[PDB]
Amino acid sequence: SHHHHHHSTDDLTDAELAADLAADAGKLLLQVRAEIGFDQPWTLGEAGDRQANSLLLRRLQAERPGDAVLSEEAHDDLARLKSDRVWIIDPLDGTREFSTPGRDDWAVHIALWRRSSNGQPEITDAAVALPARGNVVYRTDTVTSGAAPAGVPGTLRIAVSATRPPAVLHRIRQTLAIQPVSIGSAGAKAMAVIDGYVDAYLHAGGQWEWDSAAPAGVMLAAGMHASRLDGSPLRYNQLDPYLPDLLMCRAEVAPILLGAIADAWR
């Protein structure tokens, strides 16, 4: 729709652009999936990440030529460290899931980091697409707050995905009734929290910035919780863009889980 340039496609707000980029990459990923098919999963996953990255860098160049870009799929020249505006993107989160027939738990992550003196809310705008799920795009400018708790009281559903369960989860399951819910891709795990399909998404051991920046942005915009496991803020555009761990969860469950994590270390 035709509109006036936002106060303070061409002429999108940053959140609009994040959403449009996520949707466009999502469509391309769906095209690649259809074209290549599933008989060679390695090749499928590689073609998808490579082509989605090309689309995203091309369009960020065109529509935001002054902004820096940290992409999972591109070399990192560290110019971003000097920038006040940095896109943190994963063109394809969940290559295994993308390359498996029938699975829809893979995502595209598009996040804008903006330099903040005080307030520290670094990811200002973001979108997560789940292309196989009707190409739904979750966006910081439309997600809503106040979601009503869905599960049986006294039991937590927690999205996790790992080649092996972390020790901290073993410990907190001694004290809290938890059902681990196996979902692929960081993006799908996080959006399950937004959806109310699970109560929390927990990750121990490292994760790259591009797989949590967009989910975290959307989570905070929805009034939910996103932090390190020790409760300190997630930091982005770091020299080493790697987060040792994280918790995203609905607001009501944050104190219980942060508490259990802290008590684990006793």
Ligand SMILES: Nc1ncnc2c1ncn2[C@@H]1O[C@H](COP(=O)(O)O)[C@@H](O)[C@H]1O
Second form
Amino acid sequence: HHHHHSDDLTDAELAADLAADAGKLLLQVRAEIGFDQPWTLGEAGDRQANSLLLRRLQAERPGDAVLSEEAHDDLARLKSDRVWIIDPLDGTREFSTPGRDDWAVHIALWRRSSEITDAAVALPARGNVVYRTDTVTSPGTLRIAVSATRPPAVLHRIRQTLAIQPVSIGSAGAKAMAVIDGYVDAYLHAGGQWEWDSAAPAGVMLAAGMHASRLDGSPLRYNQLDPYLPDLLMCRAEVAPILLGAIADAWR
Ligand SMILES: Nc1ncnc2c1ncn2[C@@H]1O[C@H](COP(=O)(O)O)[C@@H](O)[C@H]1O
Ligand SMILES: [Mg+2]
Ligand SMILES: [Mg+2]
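Got the form solved without this ligand; any chance of the form solved in complex with this ligand too?
Starting with the chain above, the whole complex follows.
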């Protein structure tokens, strides 16, 4: 009784519960199927996590649109004021590899403003820790998390002027949460990505009072017709001017 203000969860509570629940299911799938066929393992994780998440979002938020990596996109979301942007399993490659803990579940709520208002990132292999927008708290040399698979070429240019050690990690969620944790100073990506890769990490990053933008400094924009969103910078606030500047100076 008495809900929240303005099966009875706030949007942030639901984001966190969805992320944890999908996390537990993924851990079950990993234990059941095992690692002999990494392709089969990854496919099962993607498909089963997606199924759980879509079932629960229909049951618990039947009026909300959903954009998932693992489902067709009917574009009804473009007319909605409330859109869940989900990556049922981010870092499928890493999930499918024995002993790797750098994979995530991304659950973001986009709300139309006159933008990512609530979000959670689960790292199921790290004790199923769930970072959430409603509980997350607020220069000589830089540690920068980059893709273990497709690191951005632009890094090479900025390293001519800034002392940087790249830290190879799988998953956008894992790299963003390494920034929150203080394991790295920044997460930098370019060369391609999708909205569900960055929406929940961005929500958490901004809620923690940290920086999250495009490489050119402009805001990350979601619920776009084309959900391709190819580059990002997520970092401590104090680090953003240094990196955005170096990126800008790499141009000219
Ligand atoms: N160049 C790229 N184009 C499209 N998607 C990417 C690219 N690099 C990374 N991703 C996606 O971003 C997420 C994290 O990737 P990674 O940081 O490489 O583990 C995964 O969903 C990848 O498929
Ligand atoms: Mg995925
Ligand atoms: Mg992904």
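Positions refer to the first chain, counted from 1. Rigid core here is just the name for the largest C-alpha set that superposes within 1.5 Å across the two forms.
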{"property": "Core-superposed comparison between the two forms - Cα displaced by 2 angstroms or more, from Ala162, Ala74, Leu176, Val136", "result": "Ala162"}
{"property": "Rigid core fit between the two forms: Cα deviation of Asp49 in angstrom", "result": "0.5"}
{"property": "Backbone CA shift between the two forms, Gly205, after core fitting (angstrom)", "result": "1.2"}
